[PDB]
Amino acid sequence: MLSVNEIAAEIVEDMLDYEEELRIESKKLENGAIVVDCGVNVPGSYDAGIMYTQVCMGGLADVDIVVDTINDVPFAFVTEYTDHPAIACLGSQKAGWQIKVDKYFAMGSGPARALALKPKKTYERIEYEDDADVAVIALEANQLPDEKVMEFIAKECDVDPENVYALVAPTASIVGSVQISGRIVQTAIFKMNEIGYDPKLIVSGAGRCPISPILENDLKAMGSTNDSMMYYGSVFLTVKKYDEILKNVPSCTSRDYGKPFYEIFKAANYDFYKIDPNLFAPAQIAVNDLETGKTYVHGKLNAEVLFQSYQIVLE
């Protein structure tokens, strides 16, 4: 068995060895839980961003940064791949756990999900459950969790609070930008399962996605980081059997596609904050069908929307 919590815990332990290099800071709480600040009150780093992503993917993925250009403008990009996309992306990475402890709220991502079984149906659909006595969660938040939050996470995971780790970074931070574009494979996997395709048919996935510049607040960053994937995220996927339904994976097949997501979200304040869930999806995919030996291409890139998203100013 592959234990996403045990594998990710090793990477957290590595982060703990290089805190200053990585520009992160941890604290051991009075109940023994370890809270790793990756960008709330510290700058974080590109490499902290990478490691946060690897942790989110339960250590079952390759994640690297390469610098390249869009229409000549240079950006850092995530390039990543995994041969365990159902476990890495659905059973671990997806921010699928609503943590609510009195007044704290955060969406939880990462290996701890596979212990708490959050949400229940995901683990049934992918046929995975972790068995570990360590739990590792990643939180996107502008506040660090305290002893009571960590206690709750540990009880939900059936682990002692001394054996729980949390990585935390806000949306608008380097680690936020890296870890969100680092979801490019996930967006594909999750959208495929959402439209009815069995994620157990997915053999592997490989993805490229620009890392958003850091915008001036968490709400703008929510927009540009989602946009990295929706307008400029590319995925090569391998599956056992193709289904024609996969034409509906790309975000351009959503009624809500066309503007930066920040603009979509602002416009929705006037309609009960409702937005097509299918919008959250990769820009372009190629699907290599093992049955027929054909590779079906769907979607499109959109540098023009991306540059609006990114608040690019040209001369």
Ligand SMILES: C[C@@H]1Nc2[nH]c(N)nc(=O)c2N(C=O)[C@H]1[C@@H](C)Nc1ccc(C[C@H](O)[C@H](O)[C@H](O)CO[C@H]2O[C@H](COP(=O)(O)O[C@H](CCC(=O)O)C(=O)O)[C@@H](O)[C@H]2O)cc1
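Residue numbers count along the first chain shown, from 1. We call the rigid core the largest set of C-alpha positions that still match within 1.5 Å between the two forms. Only residues modelled in both forms are compared. First, how it differs from the form deposited with the ligand bound.
- In the overlay on the core between these two forms, a shift of 2 Å or more in CA position is seen for a single residue of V42, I264, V35, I50, which is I264.
- Residue displacement note: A286 has its CA displaced by under 2 Å between these two forms (rigid core superposed).
- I275 is among the residues whose C-alpha shifts by 2 Å or more between these two forms once the rigid core is aligned.
- At a threshold of 2 Å in C-alpha displacement, with the core superposed and only residues shared by both forms counted, 263 to 279 is the one segment of at least 3 consecutive residues that shifts between these two forms.
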Second form
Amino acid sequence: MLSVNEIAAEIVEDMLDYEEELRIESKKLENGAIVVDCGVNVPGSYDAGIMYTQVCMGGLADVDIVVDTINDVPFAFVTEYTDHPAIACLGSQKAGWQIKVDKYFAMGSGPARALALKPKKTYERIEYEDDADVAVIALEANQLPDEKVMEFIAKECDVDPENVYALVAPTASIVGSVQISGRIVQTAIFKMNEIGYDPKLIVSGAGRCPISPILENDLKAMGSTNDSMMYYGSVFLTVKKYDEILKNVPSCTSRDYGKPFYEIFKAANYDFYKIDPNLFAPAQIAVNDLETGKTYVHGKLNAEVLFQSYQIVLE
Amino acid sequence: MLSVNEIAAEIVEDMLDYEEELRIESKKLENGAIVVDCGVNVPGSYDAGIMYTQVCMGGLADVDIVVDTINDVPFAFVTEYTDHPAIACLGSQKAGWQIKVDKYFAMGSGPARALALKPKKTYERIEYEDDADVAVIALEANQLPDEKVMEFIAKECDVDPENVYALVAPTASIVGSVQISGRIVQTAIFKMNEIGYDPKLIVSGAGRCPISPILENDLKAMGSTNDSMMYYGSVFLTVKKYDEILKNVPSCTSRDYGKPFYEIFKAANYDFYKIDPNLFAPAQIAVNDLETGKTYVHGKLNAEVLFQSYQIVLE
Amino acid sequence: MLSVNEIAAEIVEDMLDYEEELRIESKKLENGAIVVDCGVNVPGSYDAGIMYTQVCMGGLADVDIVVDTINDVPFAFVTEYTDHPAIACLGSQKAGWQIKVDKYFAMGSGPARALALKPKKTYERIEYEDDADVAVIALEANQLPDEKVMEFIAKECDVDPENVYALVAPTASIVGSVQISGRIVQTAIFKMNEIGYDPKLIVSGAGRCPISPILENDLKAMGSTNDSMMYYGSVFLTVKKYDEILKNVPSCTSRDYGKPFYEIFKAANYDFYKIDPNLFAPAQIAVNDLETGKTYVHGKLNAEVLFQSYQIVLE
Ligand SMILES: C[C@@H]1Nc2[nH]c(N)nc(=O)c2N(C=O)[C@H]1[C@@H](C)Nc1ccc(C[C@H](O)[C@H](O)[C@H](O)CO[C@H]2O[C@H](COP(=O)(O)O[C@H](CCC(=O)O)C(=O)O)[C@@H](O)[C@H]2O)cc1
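Next, give the form deposited with the ligand bound, keeping in mind that what was shown is the form deposited without the ligand.
To see the whole picture, the full complex is given below, headed by that same chain.
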């Protein structure tokens, strides 16, 4: 049995060893919980974004950045892979814990979800849960959580607060852009499960996605970071048994395709948890089926929409 | 003073510390030999694949995976380089030792070849021999080696079985796919030797090759993994003195070029013998000549053949 | 505070633990200075080139090599990024220390610059100074510095020669080619400062640049290594506030744009420090402005000129 919280805790300790280099800052609160700021009152960095992504994926994914071009324009890209896709993506990475503690609101991702069982149905579906006495959570938020928030997280995870760590970054920050593009494989796995495909059948997944420039506020950044995956995110997946249903994985099969994610976000009143989950999906996928030995390709890339989404200005 | 077996054993010790994360399993046999299953009864992983390949190359190469596209279809690629191409590729990685013990048969690669000296003529040519009390072999096989097999290998290496490690994966497995595409530099070096170009003249090489999808059995996989290099493997090589014979390195200069290996092999009725050996070669190379300061490009890529080989189904 | 010398010294100690693997050679001089030959009487290596580049950037950058193609011709590329672009690129990397000790000439780069403050105006512009009592310099030179040269460097940095390290490689060497393409982010940051843009406004930068083949002498190599960046170097940059003057960052906005830099190296008398500093610029940039949330793209790639600089011979 692997422990995503223990593996991720090792990465968080590495992050804390290099705080100044990574442009992050931590604080131990009055109950002993550790809050790591990766973007609210600090700049963060590409490497902090990679480490935050690795932590969200329970330490069970490789994540790196390579610079490449789209129609000759240079971007940083995330390239990543995992051989524990259900656990890394659904059991850890997905932001499946909505944190609401009086006026404090955050989207919660990462290994702590596998202790608190958030949501319970996910852990039934992937047949995984952790048992650790350390909890590691990743918060997408424009404010840092206080003692009361950390005490609530600790309680839900059945751990002491002194054994809770939270990484925190806002949507519009470099760590935000990196970690959200770092969910490229997770988008595919999540969309596959939403359409009824058993994620326990998925053997491995590898993905690439450009890293959104940082737009002027958290709301517009929600749009462009998500469009990175929807219009320009590519996944190679290996599965035990193919299902014709997987033709409906790519975003271009959605009635909302062509729309800026910012549009969809606005209609949900800027509440991420009011977005229809059936809308998150990768631009393109290739699915290697171990049963037939065939590889089925679905989807397409769309630089035109992406450059609109990224507020690119050409000469 | 570089020991490919000592360096490789350190990598194998790492693989042992992370078995469950890598999805591999090890057994210590009655004679003490350690057999590490990287794909027979276990799924393996992309990282087990990279480490397997690093082991094959004696620890003297960098090997990593990046996700990229071919005609927009996503694949995982190996990207690799070495500054010891003779030792890493000829003295270690090449599957140059046919292991035949009763009815057990496997192609052996990796550092143990440099203790067994298999074949002797290679070690004379590259002016390398290892001197070590530990042997690390990598076996491409559908069955794990038992006590008697490991005793045989240890005898041939002159090491006590207690100090022999074998990594094992079948041709159709993720480790199989990764480690075979991870021979992209080795196929250039080996083809260069084959056509009469002294490997001692070769300074370094750096290569890129897509990782084949896993096909439905070892024989089809033998085809697709090899076609990765023959139809879509690229190598940049640096040499002390270029000779025009090197125009013959690319696989496209073989009389047998043009169909997927498995179909060529079908056409030879499973007969190694009746296929031009010059077919085993990279798709394209660029050769930086240190003498003239020119860089000579030969060969081409072939996505059309690659996609037949990979049994790609487009919509 | 981040000490570029203390961090870089750790990289050099790592290089000293793997000399034979990296194909480098070190000597401790009489005064205790450690001279690491990375390319003068030894071959060096791609990995030695990456570590030399990392040391030039003060350990404050990520540097890796990926193999990819330009018009299908395979090359090794540097992919790199930093979140301390003023410190790493201008405070450390730029070769801003002209070394002239009797008959010994070298271009000096690297963290020792931030101890000797060379040139002073740079340290005033970026507001950085180091306080280490170790010094690490990178010399681009075709001969190894002796006891007297290292005495001069140690004195200028206010450190005992026993605590000084020098890395040394000529322009025509693998370490030369890697390290110079490894300045792709720095070329953008330097040009930005040149045209009056405060480098303190620069949040981060990420770049890709092909690694030049080694040409037949240091003079031709000065041309092709530099053309890598000027004709095929791409940079993604983040800044706090955009300024329209940044439209003049790309090399193609210079009067002299269009011919290989080999013609330009002569029209400065083969003196690097005689070259007009406004020609020294990246091929293409994307500038993400945090204020407006827009990303402005300028410049263009030029494979045709690159293949000429590189002395590519196609069939
Ligand atoms: C790409 C996304 N973007 C994004 N952006 C930013 N800025 N930050 C992020 O963290 C992030 N996401 C990461 O989390 C990404 C995303 C993939 N993750 C995500 C999405 C939604 C949620 C919320 C939620 O709980 C989620 O909707 C839920 O887990 C599943 O969704 C619903 O759909 C299903 C409906 O049930 P069915 O009708 O399928 O029932 C079937 C029948 C099938 C049918 O015919 O419909 C049955 O029971 O037989 C249910 O399981 C129900 O839970 C959480 C994470």
